[PDB]
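Novice: For chain A, the structure is supplied; the task is to place chain A' with the ligands on it using the hints.
2 protein chains.
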Amino acid sequence: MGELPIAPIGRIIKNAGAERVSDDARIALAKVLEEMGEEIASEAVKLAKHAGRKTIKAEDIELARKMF
Amino acid sequence: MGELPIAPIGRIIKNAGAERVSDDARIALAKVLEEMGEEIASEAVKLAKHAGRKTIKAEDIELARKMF
Ligand SMILES: [Cl-]
Ligand SMILES: [Cl-]
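Note that the protein sequences, when read in sequence, are chains A and A'. A prime marks a further copy of an entry chain. Under the authors' numbering, the first residue of the first sequence is numbered 0, with each subsequent residue one higher. Under the authors' numbering, the first residue of the second sequence is numbered 0, with each subsequent residue one higher.
No lab work stands behind these hints, which were simulated from the structure alone. Treat the hints with care, since some could be wrong.
Claimed, not checked - Partial list, derived from the structure: chain A residues whose beta carbon lies under 7 Å from chain A':
hint : residue
1    : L3
2    : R19
3    : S21
4    : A24
5    : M35
6    : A40
7    : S41
Ideal Cβ placement from N, Cα and C applies to all residues, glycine included.
Pulled out of the complex, with its shape left as it was, chain A reads as follows:
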């Protein structure tokens, strides 16, 4: 948790069509995306270990995302 920088998150909300954005909404969306990222990456670690690898690959992320 707390990995994403806040300035890029406000650009996500502006690019989605917001006129103005509070810094409290940037912190809220960063928390949602870091939680979703942790859930998908923990499934991807298990998929890589099931495949016999130590490296997480794109295919592990794509398959993990389909579990959600």
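Specialist: Positioned in the frame of chain A, the structure of chain A' with the ligands alone reads:
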């Protein structure tokens, strides 16, 4: 799209327990999180306009996340 920097995404996957991460998995998870962020923020813009505001607030992000 393309708002999130790639280095913080690799920290999400390492913090979730990966030993090693390919730069192709960092690009893949960034794409997933930017898509989810756009969907949640577009719903939050509609909630703010329904409330009569031009500013997106934390409560708009939290309510939008419950629609997913
Ligand atoms: Cl490996
Ligand atoms: Cl306002």
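Novice: Which earlier hints can't be squared with this structure?
Specialist: Hint check: nothing fails, all pass.
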